[PDB]
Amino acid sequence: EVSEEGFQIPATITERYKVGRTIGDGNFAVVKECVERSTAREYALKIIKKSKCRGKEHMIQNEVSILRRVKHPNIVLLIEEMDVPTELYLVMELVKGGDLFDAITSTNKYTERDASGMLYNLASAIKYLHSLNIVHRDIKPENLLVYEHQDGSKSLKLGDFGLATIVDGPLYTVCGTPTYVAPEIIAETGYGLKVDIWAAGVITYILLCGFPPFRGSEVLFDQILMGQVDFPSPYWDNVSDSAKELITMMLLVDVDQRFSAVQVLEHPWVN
């Protein structure tokens, strides 16, 4: 069985799953809808194209090592994995509401009730990862999935563990998306778990006004290193002081003063 992209879907996958349409894509993966034949239950099939070397070998990947460990309602669950020489197949929980990048483009901005609930979901996921010493390093809207409840309410689920790792002393790899990257990453002075809180702070800021706190014009990186968070008029005039205070504590350049996920969850705006 060959997909439209040319993927040679393993026999064991096609035996138990009916592979459907592409529901999402990224730089490294193609994600499809699929249906477990025995139950008619829907799942997502994530297909990761592995990095090729000279010769017949392919480079090894880290994502499954982290995904196997993580089980939380605000994290996309891994169901099964199938490694073949050229690609890796991941059967995951299907999140029918799509991603937060498309949601933000469609809706523009959110109410404080909606944004606070979304931050509670994200900070809940981060608290759980940080309890396991796992830093995600790629928290941003395209990696957040919108779960739609039977009553119409929504919850966020964190996905894409492609850059995730274990923090056992400071990390130095410069990685991430400029809009969401913590100043200590760009500064190359050593970073840890709280780069995820900075990313969450940037997302919360975007949810309430529709644009990021550091937009640049070099100026972008200088803005991030200085960390001056502005709440410009009229866009932020009707937003509460409580929301602004929490976003400020999440976007502190001083990592020791910056909130932990626990401190975010304890803040009155998310309670």
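Positions refer to the first chain, counted from 1. What we label the rigid core is the largest C-alpha set whose atoms superpose within 1.5 Å from one form to the other. Compared with the form deposited in another entry:
- Per-residue Cα shift between the two forms after core alignment stays below 2 Å for all of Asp237, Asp241, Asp230, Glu57 except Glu57.
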The other form holds:
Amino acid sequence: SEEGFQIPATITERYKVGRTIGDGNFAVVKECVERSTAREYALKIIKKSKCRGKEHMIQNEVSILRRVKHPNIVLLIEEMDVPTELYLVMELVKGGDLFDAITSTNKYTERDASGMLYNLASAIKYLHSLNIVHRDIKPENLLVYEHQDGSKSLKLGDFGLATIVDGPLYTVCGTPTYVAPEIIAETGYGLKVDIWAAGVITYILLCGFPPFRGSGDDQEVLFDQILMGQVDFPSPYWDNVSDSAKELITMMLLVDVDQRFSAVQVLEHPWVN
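Following the display of the form deposited in one PDB entry, present the structure of the form deposited in another entry.
The following holds one chain only.
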């Protein structure tokens, strides 16, 4: 391949591997056609070795992907473990990621925004029912599934940081823009860090900028805003948005974790029907 992975003959036999559609650290995603059926799939190639000497490391993503199926979550079709790399065959999603879509159309209507939150809150409710926290919910990790109808669903991917919650966690991880206060505070966190992330994304969908923005002074500013957690809906940007939307986003972006909506409560809110 372009990057220089030695593609196993087992893979090349079954699949024709196409162009790269997703790039990360120690992982690439490619288009690929199954030779028998002519059906299009996503091939995710994960490097186990760091390629920094023989610094062989272990992957956690596939433990999670095996035990989950949902319309609004990326689907693992099968896996090929090779000494060098882990190869995941997954359902292909052709509409790109939510980050790309937001940069293309600054804002979204409440109708389009609620539909996307309905999809994301559905994925999160399912994961949470299995005590799985994602810990990396962000636009770059939400894939746009385009229906023939013209309608668009979101599919959640990148379960790299996903784990099972059996009591409070303390690992400091995620993207600062989307990270919950209790992660920064290091007082312990669980499933509801995902609700916070979803609240931040919903806010961005409606106005085109995040609720907590850093400064050129320092990065401690962004973290100070998140810890304070005062959500503002400034004019003129939020003038023509409903109170209902503002209410829901508020309930998702509460520092008090017991008061912060669960995924069930988001889904029961009138703004998502």
